[PDB]
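The form solved without S-adenosyl-L-homocysteine is given below as one chain in structure tokens.
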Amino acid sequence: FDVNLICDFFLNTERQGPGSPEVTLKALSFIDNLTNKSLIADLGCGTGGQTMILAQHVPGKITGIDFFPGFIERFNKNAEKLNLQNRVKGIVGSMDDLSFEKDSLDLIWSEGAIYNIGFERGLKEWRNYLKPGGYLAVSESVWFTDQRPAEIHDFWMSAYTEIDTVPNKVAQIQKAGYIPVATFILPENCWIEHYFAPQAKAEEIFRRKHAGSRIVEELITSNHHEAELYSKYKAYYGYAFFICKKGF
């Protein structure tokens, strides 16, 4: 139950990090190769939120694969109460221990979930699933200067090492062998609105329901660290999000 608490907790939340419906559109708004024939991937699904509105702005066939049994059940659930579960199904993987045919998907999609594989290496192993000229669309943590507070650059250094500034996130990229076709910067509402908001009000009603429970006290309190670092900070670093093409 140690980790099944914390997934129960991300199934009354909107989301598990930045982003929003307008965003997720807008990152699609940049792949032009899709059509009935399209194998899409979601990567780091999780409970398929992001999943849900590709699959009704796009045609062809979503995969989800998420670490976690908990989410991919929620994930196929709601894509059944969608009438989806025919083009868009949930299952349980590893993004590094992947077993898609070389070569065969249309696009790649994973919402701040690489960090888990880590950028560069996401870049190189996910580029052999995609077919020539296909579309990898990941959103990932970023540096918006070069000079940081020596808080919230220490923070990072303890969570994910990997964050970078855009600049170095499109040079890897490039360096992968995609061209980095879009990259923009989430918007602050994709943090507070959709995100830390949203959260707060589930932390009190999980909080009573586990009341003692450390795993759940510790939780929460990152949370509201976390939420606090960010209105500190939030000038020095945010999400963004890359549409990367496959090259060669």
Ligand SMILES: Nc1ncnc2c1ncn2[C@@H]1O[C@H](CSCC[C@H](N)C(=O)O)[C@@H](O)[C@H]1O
The other form holds:
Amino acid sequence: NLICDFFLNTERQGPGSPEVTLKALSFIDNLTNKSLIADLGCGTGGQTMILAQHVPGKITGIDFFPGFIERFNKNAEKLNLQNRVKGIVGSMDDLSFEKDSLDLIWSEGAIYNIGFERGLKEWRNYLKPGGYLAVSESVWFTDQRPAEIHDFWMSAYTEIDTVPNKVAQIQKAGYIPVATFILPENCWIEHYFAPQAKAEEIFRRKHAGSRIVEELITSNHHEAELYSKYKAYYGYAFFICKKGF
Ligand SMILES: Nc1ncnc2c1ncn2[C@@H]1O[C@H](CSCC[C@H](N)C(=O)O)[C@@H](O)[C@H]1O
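Can you switch from the form solved without S-adenosyl-L-homocysteine and show the form deposited with S-adenosyl-L-homocysteine bound instead?
All chains and molecules follow, beginning with the one already shown.
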């Protein structure tokens, strides 16, 4: 399981970008120095640092891979945010946060591990009423897509769905769909697939012969191809939800 190692040599493990994280932040108007924030599936904490540098309050990143949490705190350290930004090895399906105690729950390209609707449901219980939930998720841009891309997505994440369905689910889960925007293509190509280029040459050689590596490179190269060919039918959408009642 060196899948981790590879992604340690990258700015982020999923589509995204500073402008996008900030643009989504632009919709949350309840934050102060007393706000408790959580970023679920924070990976190395790249978006978590950009976030921490533009909002007040303490943030808690949570990720399944210890390797990412280690880089998370080390990076937090260099940036001096270690006081108000702590990394923690945990799982989104088994959180220990006091009920209705958070003001903001962040999650970029990580909610698929637990499921869109499931997350909306469960995480809700850790939010102060009027609190926010911001997550980026894979979506279909249309009601019709080719078979290649469709079955590819039915093999990885079956919950991918259209923006309209995602939105109603948010309303159904007891939130107000405050803001919803689709991510620019440069979030995949520029900030995700490209950085993955250099990473590979170095990774592959450091681990020459590792069967897992030779294939990881193949998975990434296949995803990039599907994207460069079907980018018009799918991508990521960011959702800012405000807990009801
Ligand atoms: N059950 C789980 N609980 C918490 N994190 C998990 C998890 N399953 C997977 N993850 C993490 O979810 C992240 C998905 S990749 C996205 C990483 C980061 N949010 C970014 O945008 O760069 C990875 O860090 C993966 O390790």
